[PDB]
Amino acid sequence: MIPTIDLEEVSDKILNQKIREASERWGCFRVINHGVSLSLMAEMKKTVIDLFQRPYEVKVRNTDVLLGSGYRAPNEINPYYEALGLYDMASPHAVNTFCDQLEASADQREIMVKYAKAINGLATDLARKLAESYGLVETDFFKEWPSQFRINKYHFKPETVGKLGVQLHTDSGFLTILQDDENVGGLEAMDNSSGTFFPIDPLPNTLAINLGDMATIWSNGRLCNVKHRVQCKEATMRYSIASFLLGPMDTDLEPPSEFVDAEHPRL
């Protein structure tokens, strides 16, 4: 069962411990009182629905920077899935480039810029809190790590009902912040101690956090890179916004020394 964590918990040591234990045992958690404007989130979702209605030949202009960071149309691999996105979402130039490509209106440009900075602010706060929950000295470990923005459109038709939308996976980055569709949902995750699945329902004004492959590597196996998938529950349209804190660009990432020792051998 995925825990919900109150980011306005007054005690840092209780908050950090709750974050750490969620992240170790389940690899994901929900946050409430996250500090992100609710109206900004709703405005982002409307912008997303609108960006996906852009002419096809406009969407194809969303070109890759990292492989897969740009536009993807549904195909025979992922029949129900369409996506747009941008690499280095912490860079205002990257965000504007994306807005240029998709012919974002002025308002839409500003929504994106303010969403990017808010969500990215939250991601770096959660990352610092994870370092704090371990009592690490490297409380700035994430500061040269790029983030990636991806917006998704799921199209489920009546034949899809009762089966999966996209199949089971782990994210490859460090941490992911998901603004899921409050009206649809169906995200599910594997409990590694039983193989049983539990749901991550879209509770309104909340965000879903999950950890990825980079977090397990970084914490030398302690953080759970959770396995998850989205199941189709009804033939409908579903929109989600994902923000990925990735690992290092350049460098090949290994763990802070504190994590590696005789009882926790290196990986």
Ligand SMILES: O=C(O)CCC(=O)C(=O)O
Contents of the next structure:
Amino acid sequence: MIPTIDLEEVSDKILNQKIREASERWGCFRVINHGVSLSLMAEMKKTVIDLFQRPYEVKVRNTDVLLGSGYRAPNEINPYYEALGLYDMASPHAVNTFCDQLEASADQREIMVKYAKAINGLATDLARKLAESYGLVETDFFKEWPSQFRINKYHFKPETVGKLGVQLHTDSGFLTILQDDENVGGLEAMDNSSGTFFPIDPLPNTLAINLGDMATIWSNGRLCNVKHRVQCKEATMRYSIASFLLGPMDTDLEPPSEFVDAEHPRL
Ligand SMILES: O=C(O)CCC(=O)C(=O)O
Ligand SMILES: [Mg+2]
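Output the form solved in complex with ligand AKG next; the form deposited without ligand AKG has already been displayed.
And the full complex, kicking off with our chain again.
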């Protein structure tokens, strides 16, 4: 079972410890009292739904910056999935460019600006708490790490229900913040120990956090890069918003040396 962590827990050592053990054992957790405006989240979702109904020929303008950034229409590899997004989410220029590409309204534009700044703050905050949970000196390790924004539209038809919508996988970055679909469940993750899956049901006003491959590398294997998938449980439309804190992009990720011991040989 995925644990729910209270980010307004009064005690730093309890809070950081909860986060670390969740990140090591399950590779994921929910956060409550995250500090992201609930109204901003709903408006971001409204903006997402509306953005996906832009002209196809406009959507196609959402060009890759990184391979996979930008638009992907459903195809025969993964037929139920449509997506948009931008690289370097921390850059107001990058966000604006994305909004220029999708011809967002001015109102929409500034919804995106505010969401990105909020979500990216939650991300830096969570990452720092992870550094703190290990008593690291390098409590700023991520300060030059770029983020990637990606909004997703899942189309499940009656054919799809009972089966999956996306196959089992790990995020390649450090940390992911997911705003799932309020009224359409289906996200599942595998317990590495058992091999069994458990669901990540969309609990209202919460945000889902999971760790990716970069976190495992950085932590020399202590942090779990959770395997997850979304399974179709009903043939409806489905929207989700994801913000990825990635590893460094120019450099190569190797761990703070505090993680590499004679009992933790390098990977
Ligand atoms: O759409 C979802 O429910 C999860 C999204 C996800 O896993 C991703 O964008 O990497
Ligand atoms: Mg994912």
